[PDB]
Amino acid sequence: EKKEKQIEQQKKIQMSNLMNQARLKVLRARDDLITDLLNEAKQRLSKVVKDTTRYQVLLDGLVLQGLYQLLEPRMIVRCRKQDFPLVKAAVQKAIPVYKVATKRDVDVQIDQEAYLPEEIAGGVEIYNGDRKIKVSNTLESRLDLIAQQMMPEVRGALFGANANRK
Amino acid sequence: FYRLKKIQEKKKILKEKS
Amino acid sequence: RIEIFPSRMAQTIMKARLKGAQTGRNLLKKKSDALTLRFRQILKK
Amino acid sequence: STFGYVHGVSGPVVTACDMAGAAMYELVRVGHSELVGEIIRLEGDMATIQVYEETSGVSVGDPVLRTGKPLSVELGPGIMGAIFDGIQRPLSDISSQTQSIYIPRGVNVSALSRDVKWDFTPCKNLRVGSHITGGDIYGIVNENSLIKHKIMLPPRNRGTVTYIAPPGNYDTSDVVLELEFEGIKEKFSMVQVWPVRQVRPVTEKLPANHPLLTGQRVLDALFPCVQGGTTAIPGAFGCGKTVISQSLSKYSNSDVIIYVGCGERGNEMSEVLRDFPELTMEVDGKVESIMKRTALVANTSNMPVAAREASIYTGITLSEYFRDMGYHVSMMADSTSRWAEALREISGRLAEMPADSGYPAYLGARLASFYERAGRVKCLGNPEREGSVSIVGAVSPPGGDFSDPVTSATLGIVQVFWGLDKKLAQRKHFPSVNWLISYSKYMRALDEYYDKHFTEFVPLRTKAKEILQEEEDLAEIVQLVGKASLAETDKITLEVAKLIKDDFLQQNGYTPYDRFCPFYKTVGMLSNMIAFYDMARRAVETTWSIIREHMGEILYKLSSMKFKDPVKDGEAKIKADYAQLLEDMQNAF
Amino acid sequence: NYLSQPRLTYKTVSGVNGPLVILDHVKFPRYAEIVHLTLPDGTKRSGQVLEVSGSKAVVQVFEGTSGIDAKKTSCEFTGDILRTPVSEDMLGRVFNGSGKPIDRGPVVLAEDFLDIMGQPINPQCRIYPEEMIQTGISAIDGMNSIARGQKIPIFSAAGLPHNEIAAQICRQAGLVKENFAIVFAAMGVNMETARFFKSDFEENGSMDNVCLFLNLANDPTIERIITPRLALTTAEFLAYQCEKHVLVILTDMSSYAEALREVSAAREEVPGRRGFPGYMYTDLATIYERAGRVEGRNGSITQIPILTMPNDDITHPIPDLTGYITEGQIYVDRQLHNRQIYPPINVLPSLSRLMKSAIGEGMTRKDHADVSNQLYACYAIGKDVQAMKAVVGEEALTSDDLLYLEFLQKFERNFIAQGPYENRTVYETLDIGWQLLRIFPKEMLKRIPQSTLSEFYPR
Amino acid sequence: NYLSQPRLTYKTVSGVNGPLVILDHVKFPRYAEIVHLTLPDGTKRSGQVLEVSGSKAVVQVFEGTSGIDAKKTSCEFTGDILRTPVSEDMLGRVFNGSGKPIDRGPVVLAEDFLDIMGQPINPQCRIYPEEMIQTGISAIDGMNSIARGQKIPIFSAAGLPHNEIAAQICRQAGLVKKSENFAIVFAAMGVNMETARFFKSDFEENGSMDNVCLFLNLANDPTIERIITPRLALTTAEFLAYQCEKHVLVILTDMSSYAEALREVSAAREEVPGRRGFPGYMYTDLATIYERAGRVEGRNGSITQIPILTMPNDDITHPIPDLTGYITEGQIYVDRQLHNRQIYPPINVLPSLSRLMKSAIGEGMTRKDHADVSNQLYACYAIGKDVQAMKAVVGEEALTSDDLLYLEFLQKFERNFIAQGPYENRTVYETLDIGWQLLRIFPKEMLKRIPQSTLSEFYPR
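Heads up: the sequence lines are chains P, G, H, F, S and E, in that order. Oh and the first sequence: position 149 is 149 in the numbering used here, straight run, nothing missing. Oh and the second sequence: position 5 is 1005 in the numbering used here, straight run, nothing missing. Oh and the third sequence: position 7 is 2007 in the numbering used here, straight run, nothing missing. Oh and the fourth sequence: position 40 is 3040 in the numbering used here, straight run, nothing missing. Oh and the fifth sequence: position 423 is 4423 in the numbering used here, straight run, nothing missing. Oh and the sixth sequence: position 57 is 5057 in the numbering used here, straight run, nothing missing.
Hints listed in this document are in silico derivations from the structure and should not be mistaken for laboratory results. Think of the CB as a built atom: it goes at the ideal place given N, C-alpha and C, for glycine as much as any other residue. Watch out, some of these pointers could steer you wrong.
[What the hints assert, rightly or not] Dumping the calculated DSBU-like pairs for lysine-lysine here, alpha-carbon to alpha-carbon at most 30 Å: (1) 2015(H) - 5385(E); (2) 3521(F) - 3(P); (3) 5444(E) - 5385(E); (4) 3378(F) - 3465(F); (5) 2030(H) - 3205(F).
[Said to hold, decoys possible] To give an idea of the interface, some chain F residues facing chain S are shown, with a C-beta separation under 7 Å as derived from the structure: (6) 3023; (7) 3205; (8) 3353; (9) 3355; (10) 3372; (11) 3408.
Please build the complete structure, drawing on both the sequences and the hints.
Okay, structure coming up:
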C-alpha cells in the first residue's frame, strides 16, 4: 500500500502535468497568432508612412490631437528626421484651428537638437515648454492603445466566439 | 495619539500659510 | 466573564484581587496537604 | 547636482535642501564628519534625512553627499571571520585603524579591505567571447582551507566576455571582468554591492527534504529541522540558549554559519565575541577553528537603532550570498525580539500609528518577508548548483508568556519550535528542550528521505511520543490515588518513559563521547528502548515485579548505551545488534 | 466606447512619503485612476490615484516607493480605472497577486475588461440560496450545512489545519443526492502553503478548472488589496456572464486586513479597534457580498473565506466584522486539535444562517432540522457539565450527566472525526447522529417533538 | 584643534513660547551649540540650540524664559558643543548639574575637554567582566554580588530608603582586599533639598571624599540640566576609567526622575508622546547612559553602574523598570514588606538576581565557598518562607522538628545577615562568615547545594 498508492499518485500527477503542458502549448500558440498580427500591422502602417498624401492628412490631426490634449502656452514638437518638412506644414496648419476651438494662443516650435530614432515608424511626440509633460503620439504608441481596447474584438472576430455568454 | 497627531498636522497648515 | 471598567486604577485593584487569589491557593492547598497527610496516616493506623 | 546643503537639523532628522535628483531610502553622508543618513521623505527640491548617528555640531550649509544607493552590503572575499555591525562596519578592522576603544561616528571604513590579496582562478572553459548571464559562477577564490569563495556575476547585468583575468593574486579593487553589452562595456571588481531589503533573485524554489543534524538527541529525533527551514527558540536568560547556538555551529552539516547578535546587551555580546573565535571544528583532518566559516553581525544596544533594524537584513543578505555559491547556510538570529523593539523606535520616531501593543502596522509583514527568504533553492546560473538557508530566530517574550505581538507573529510563520524551558534547566535536565509544547511541521518532508535512508525510524518516533504523552497523564494520578492501584499494562510504560528521559532525552554536552553523536546512534538507542517496550507488552499480558528485579543488568545495558566513544563507529552497531538479543533471551523467562 | 486619445506622461512629482507619490500639474486628474511609474533605472510600477485636489493627484504605488526619484521618474496616466483582462481561458492557470502569469504562460486574451471593484447586485433580482452543498464532512453537512450561493468563513488560528480542510471541501463539493469551477486566492501565504494547494489541485485532476491566484509573503502588501478583487471579478464573470457554478476560496483573510491596516495607517486615516481602519467593515463587505445567485442566471457563486483569528480571540476585529457580514461561520478550534481530531470543529460557536432553507423533505429528509438541534443541545449541556467535573469531581454529578460525559467522548470521536479522505453523505451523517442520540432516553430529547421520535429513535 | 574666530552677538529674537526662544538672521548655526542669553537687566542665562532651520535658530533657555524681552535681550553664540572640563582633581569636589562647583570651590583646570554625549564603545574591544566590587552589604555582596563592569539597577519605590543605601554603597565601596585605584562618580538627580544636604553631609563628613565625584541636581535647578547630568557623570567616569586606568563605580539616582526630564523636553519640541506619555526614543536614550560601562581590552580600568530608580505604583510593567530590564544584567529589590518590619537594608533576595554573579565570585576572587553558601542561603530562605505560613494556618505543634529549624533560621537570617545597620561595613569575608553561622544551625545532609569538597572545612568551627 506504499508501493501501489505512491505510483498511482505519481501517475495522476504525471497525467495532470500532461494536460497542463498541452493547455499551455495551445495558449502560447495563440500568442504568436496575435503577435505576428501586430507585427504585420506594424509593417502595414509603414506603407502608410511611405505614401505622402494619406500620411500628411493623418499627420495634421495627429499633431493637433497632441496639441488639444496638452493645452499649454508653450509646446514643443519633436519629430522624425525625414518627416521634418512634413510636420512643418502640419504644425503651421494646426495653428489657426487651435485658435478657433480654444481661445488661448499657442507658441509651438520644433526641436532640431533631438529627433525621434530611425527605427520609429512615424508619428510625433509633443512636449510642453518645461520638458516635463509629454504626449507620445507616435505610430507605435497609437497602435498599442488600439490593440489593447480591441483584444475583445480581435479574438471573437478572428477565433471562435465562446458558446457560454450571459 | 490620533487626536494629538491631527492637531500637529493642522498646526503646520496654519503655519505654512502664515 | 468580565467585572468592572478599565481606568488605570482598576488594573491595580484587579492585580490586588489576583494577588489574594494567588495566595489563596497555596495557603489553602498546603492545608489540604496537611489534612490529607494525617488522613493517610490515620488509615494506616 | 552632486552635493546638497543641510538647511536645518531638528534632532535625528535633517531636512536637506538642493537635493533634486535623490531617491527614496537612499543613503547620504551628512556634514563635514560625513554622518550616514537615509532619505525618508522628499518634498520637491528638499529631502528630509534621518541620520543614523548623533547629529551634534551639524551646521546649516554642510555638504550632504549623496551616494545614489540604498542600504546595501559589500559581498566578496574578506568576509569569513570578520565582525560587522548592522550597517556592516568592520569592528575588528576599525579598532586597528584608529587604535581607539570607541566607534568614531565619522568612519567610512570599507567592509572588505582593499589591501589583502586573494588568489583568483578563472572558471576554466569560461572563454573570452562567451555569453554569461546573472548568477553564473565566474571564478573561485581560495579564502581558507574550508571556504572556496566562488566569484559570481551579479544578477542585474549580463553580457559577453571581453577580458578575463589570468590566475593570480589580486585586490578587491582590481578589475577582473569586462562584459560587452549593446551600448558600453562594463567593468567591475571581485566585490558586488547588493541592497539588504531586496531579495536575491533565484531560479526556482524547492521543497526541503534533507534534515539538519544538530547533534542533540531531542532535536534530531523528536522535533527535527530541515536545511532550508525556519526554527524559533525562546531566548530567556539561562535555559540552554548559548549551548544550542554553539552546537549548531560546531556539529551541523552546514557549510557556513552566520550569527546575528541584534541589539543584544553590553556584556552578553562580549561573551559571544570572545567565545566564538576560540571554538574548534572537527574536519576530516586536523582540528581547525570555527571562525574559518563564521561571520558575525555584532550589534549592541548602544549602537544606532537604525543599524539594529538593519542587522537582520544585513545577515540574511550575507546568508543569501553564500547560498548562491552552492553552500548550505544556517543563520542564527539572536534575538528577533530586540529587533522588533527597533521597529517600534523607528515607527515612534516618524509618529506612525501603533497597531498592536505599540508595535507598528508592518510588524507581521517584515517578519513574513524575512522568514520567507530562507529555503532550499536552486541558484541562478549555468553550473546548476543547489543551496539552502536555515533560520533559527530567538524570541525573548516578556515573562516567558507566549502571547505577544512579536511571539504570536513568529509562531504563525516558523514551522519548528524547540521549546527550551527554564525549570528543566533548574533540575539540570540538559538539554532543556521541553517536549509538551514543542512541535515540528517538517515531518512529512522528512518522511520521504527516511525511507530511502533509515527506513525503520518513523514508527519509532510515533510510539516514543505516545509514551511521553501517556506518562504525563498518568503522573497526575500518582499523587491523587497512588501507584498501588495502577494497572499492570500502565506501570511498564512509566519505567521505560523514565528510561527515555534519562538515556534518550538527557544528554551531557561535556562528556566527550556525547558531543556529536551521528545518526544511527540515534536510531540505535531508540530501536532497543521500544522493542524492549513492545516485548514487555506481551510479557505482561501473558508479573511486573519479577521483571524489574531480574532485568537490573539488562536495564543497565540500556542505561549505558550513551557511552559508545568515537573510536567505536562500526563496532557500535555490532554492540547495538548484540545488546538486543540479550533482551530476547530474558523474554521467555 | 474606446479611449483613443494618447496618454499623458508627467515628470512632475512633488512629494513622496511612505507609499504615496504626490504628482503636481496634472490636468484634470481622475479618482481611482490607474497609472504607470517608470523608475530612473527602468523598472515599471503601477499605482492607483487615491486623492485628487485641483492639479495635484496623490497616487500610491503597489510595489512601494523604494527608489522613486524626484527629477527622473516619469508617471504615465492610463485614462481609465483598474480593469482586469478576464476571459474563459482565464481558468486552468496560476497567476500572481497583481495580474501576471506564473507558470511560463501567456497573458490572457481578454474576452472583456471588467472593473475589479465591480458593482453591487440589486436586492430585488437576487434569489435566495436554497439547494444544499454536500461537503462530505459531518460537522459541516450535519450541523452547519452550507447552501450553494452562501458566504461562510472558516474561523481558524495559526497552526490549525485550516488548509487541509480547505482542500477537502474542494474535492468533495457536490449536490445532495457539471463540476464546480474553483477560483482560489492565496494571499500572504507561505511557500509551503502555496505548494500544498498547487500539488493538491494538480493531484485530483481538477486543475482544468482551477483559477488559482497566489500572492506570497515576499510579494508587496499593497497588492494584497487588489488580490481578492481580481479573484472575485473572474468568479463574477464565470457565474453571472458564463453560466457556471463557482466556489471561491479566500486565504488568508487576516493577511488581507493586516495589509489593509498598513495602507490606512500610512494615509493617516481614522482608526477603529486595534488600529484597523473605520471603513474596514465596508471593505470586507465589498468582497463578501459579491456572492450568491441572481434570478436570470443559472450559475452561482459561493464563498468560503479562511481567516486566522489572532491569539484565538473571536472578539478580535477580524472575525467579528466578518461574522457580521457573512451567513454563519465554521469554527475550527485548538483544544480539539490537541486530541488529534482531524477536523477540530467546535460546533458551539459555529453557525449556518442559510441552513434552514437547505434542509427538509425535498432537500435531504424529514429529521435533518430536528436531530441537528438535539445534537447541539446535548453537546452544549455536556460541555458545561465537563466544566463541573473538573472543579468538583468525576463521581458526584447527577446520574443523567454521566450520559452527557458518554455523549461527548462519542461526539468528538465518531461524529465529527472522519479522516482526510472520507466523504460521508448527508444520509450517512444523520444515521451516525441518531446512534449518538440512542444513548439518551426518549424523554430527555426535549428539542425533538414526540412525532418524529417514533420513526427514528426505536432502531 | 583650536577655534579662534570671535563670537557673534544677536539681538534678533523673534518668538518666545515656553522655554524656547526663536532667533532670526543667524549666520550658519550648529545644532547643539551652547548660547549665552544676556537679559535687559544684566542677568546671564545659558542654553542649548534646540532646532535650526535655515536662518532661524530655536534655542531653549536653561534657567527659564521669564523677563526675556523682544527688543533688548542679546544672545551670545558660542561656536562649539557643550564640553565637559575633566581632570583627576574632580575627586572630592561637589558639582551641580550643569558644570559648576557647589562647595565654594574653584573652576577645574581641565587637562582635557570632552564631549558630553561621547561616542559608543566598540563591542569587539569590550572584554568580559570578571572580578568583584565590594559594597559592604551582605544582601548585595553575599547573595547578588556585582562584577567589575556589570550594570545592575536597584528597583525601589517612594518612601523606601533607596537614597540611604545609595549613600551607603558609596561610603564603603572597595575592590576586595584579596590577601587599589578606586573612584566613585555619584550623580544625584531630581533630589530634594534634604536629600541633597544628606549626600554632602555624608560623604564629606565621613572620609570617602578622597574618591567621590558627587554631582548634585536638585528639584529647583532646571529640568534640561537633568539630561546633561548623567552625560556629565559618565564623561568623568570615562576619563578616570581607561584613560587614567582605575575602577569607577557609578551610581545614578533617581533614574526614574531622569525620564520625566526626558519627557518634558520632548514635548517642548512639539513631539507626540509615545506609550504612557514617555517618548519612543527612550530605549535609545536609556541605552546611551547605561551602556557606558564594562571593561576594555588594553586598559586596566573598568566602570560599573548601579542605576537606582523607583517604579511607580510598584508596577514593573511601567516602561522605566521595563526598558532597563532589557538592557541591564540583574536587579536588586527594595521592598515595603521588610521596610515596615524595620529591617535595614530592606532587600529581599528571592526576586532579586545578579546575572553576572557567577563570574564575579570564585577561588582567586573572594574564596572558594562563595558559590555554594549563597546557593544554600537562597534555598533555606525559600523553604523557610514556605514553612513560615504553615505556622499561621496549620499550627505551631503540627509542624515537625526540621520545619521548626527553618523557622529559627529565618528569624536570624533577616535580623543578622540582611539587617546590618547604616554604618557597619562587612567585608566579603565577614559576609560569608555570618552566612556560615546561619548554616551551622542546620545539621549535615540537609545542605544539598554545597559539595563535600568544601563542606568538610567550613562547617566544623
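_Earlier hints that do not hold, by number_ = Violated hints (numbers, rising): 4, 5; every other hint is consistent with the structure.
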